[PDB]
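K.L.:
Make the full structure from the sequences, and use the hints.
2 protein chains.
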Amino acid sequence: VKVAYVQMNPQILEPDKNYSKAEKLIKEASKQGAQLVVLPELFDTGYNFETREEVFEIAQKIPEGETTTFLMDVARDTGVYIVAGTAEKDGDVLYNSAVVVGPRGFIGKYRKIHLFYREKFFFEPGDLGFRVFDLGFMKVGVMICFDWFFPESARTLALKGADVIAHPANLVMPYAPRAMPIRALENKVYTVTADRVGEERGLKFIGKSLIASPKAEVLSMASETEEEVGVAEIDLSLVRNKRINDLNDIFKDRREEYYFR
Amino acid sequence: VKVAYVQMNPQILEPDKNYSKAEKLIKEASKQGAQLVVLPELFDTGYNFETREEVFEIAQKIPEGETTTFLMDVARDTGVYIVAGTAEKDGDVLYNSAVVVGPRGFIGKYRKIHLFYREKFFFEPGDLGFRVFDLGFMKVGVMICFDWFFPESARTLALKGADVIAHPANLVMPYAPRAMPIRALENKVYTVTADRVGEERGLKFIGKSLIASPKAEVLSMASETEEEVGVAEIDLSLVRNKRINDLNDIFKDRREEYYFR
Ligand SMILES: [Mg+2]
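Those sequence lines, one after another, are chains B and A. So the mapping is simple: the authors' numbering equals the position in the first sequence, first residue as 1, plus 1. So the mapping is simple: the authors' numbering equals the position in the second sequence, first residue as 1, plus 1.
If you are wondering where the hints come from, they were derived from the structure by calculation, not from laboratory data. One or more hints might be untrue.
Copies of one chain are not kept apart here, so a pair can be met inside one copy or by any two copies together.
To be verified - Calculated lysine to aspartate or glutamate pairs in the EDC-like style (CA-CA distance at most 20 Å, straight line): (1) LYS161 - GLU258; (2) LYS25 - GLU227; (3) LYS22 - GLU227; (4) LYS216 - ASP128; (5) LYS18 - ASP74; (6) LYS62 - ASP91.
P.N.:
Laid out in structure tokens, this is it:
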């Protein structure tokens, strides 16, 4: 299996422009043999809003709306599964979500559980929990951006059977790229952090999209500033066997009775 | 406030020799200003036992045994607090323990919750939970070796108000030195990993003792091979206030409803 990130530079409040850029890059990930392609957080809308009104205006329902139906169309055409960050309109409320689509259609969604900084003024805290989606050939867990900061995000997805954690991000702190391989190691999963690049109303994002292995190896890493795709080969038996030596299994050894109490 | 690790090379089954080495190094640390000094896991007995009988023969009681007695004397005489790893005899049972001793005497013990590899043939799994010890001027959490691998260990300690996690270790894998700064960051806590060095019945330990900070900065780090002390100044404001920005407080932001389920 090959997995891929798409590191792009979303244009704030311009979904058509972002649909165009994303298709172009998903097509190149597909040309490169990717079977699963991960896009950044909020790829359709951009990130740095001044008011909720400008995002609410453009934000789409899932699965009914344009971004899901767009991504279905690209999945169908390219034969890839896609995890993508999107602003989700749900009645009068907005979430910071990721959609999972396949060539056969919509698979499901995740709503960001740990909101970061000014996201608290715009978005409602995610309310679907940490979900894992079975694509047949692999189980894919989804978390978004600041979810990386809490070890419980990746751990919950790993317990739930994720082979790979798809991680749409709009990273601003320098830490996540160094921390991601530790997340991968401690759960014995692959992690695919699709970061954005660019500068948006004074806010500069760090890029450095990366794929990490269960041995904390960095299989692919992106620049700080360029749009690009990164594809890495993954070993599905290297993750599904939680043995770390012949006497320890990382899930058998956890002792939940002593945690957080 | 200054904290330290003592990185040393325990001689297997030679507690006299190890007490003597510990005393020289604790005093080097005490001279350099350290108020808290952390020693390696099983510093008195050594690690690489072939039979339970050989460690049972020499393993000491806590607090009345020779190791705790030794440590109380050193701490009475240096004015320091000491966290040290020690094989604990408790009746007819053995624990892989850490003791905390101050100038007053014995403050308390921690029993290693996550046993590693062959340890399960000698020791019982720890049964006192993850404990935080109030020294007045600081709260010290304690975990041992492989406890690092489970994010839940440091997280339990940090939630219980630990300002610093004292971490006696005998590392053989290379990952802990790379992970500890992420444990420090994700909990906004200081961590003190006191590793051993040496080769013990052919098993090589990796040294690389380190002190990490709440910003993922490594403040002090030791060699692969040499016996040494490392001392660093810690800022308690930087741990106690869990705010990473005006809108995010890492403990208020945890959403336990979605963790591990
Ligand atoms: Mg050094």
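K.L.:
Please sort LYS25 with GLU227 into within, between, both or neither, judging by C-alpha distance up to 20 Å.
P.N.:
This pair counts as within: shortest intra-copy Cα distance 15 Å, inter-copy 54 Å.
K.L.:
Is it within a copy, between copies, both, or neither that the alpha carbon of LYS161 lies no farther than 20 Å from that of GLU258?
P.N.:
Answer is both: 19 Å inside a copy and 15 Å across each meet the 20 Å cutoff.
K.L.:
Quick one: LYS22 to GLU227, C-alpha cut-off 20 Å, is that within a copy, between copies, both, or neither?
P.N.:
Close inside one copy (13 Å), not across copies (54 Å); limit 20 Å.
K.L.:
Pop the pair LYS18 and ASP74 into one bin, within, between, both or neither, using alpha-carbon distances up to 20 Å.
P.N.:
within (16 Å within a copy, 72 Å between copies)
K.L.:
Between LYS216 and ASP128, at a C-alpha cutoff of 20 Å, which is it: within one copy, between copies, both, or neither?
P.N.:
neither (32 Å within a copy, 30 Å between copies)
K.L.:
As a check of your reading, is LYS62 near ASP91 (CA-CA no more than 20 Å) within one copy, between copies, both or neither?
P.N.:
within (6 Å within a copy, 62 Å between copies)
Hint 4 alone, counting from the list given before, is not met by this structure.
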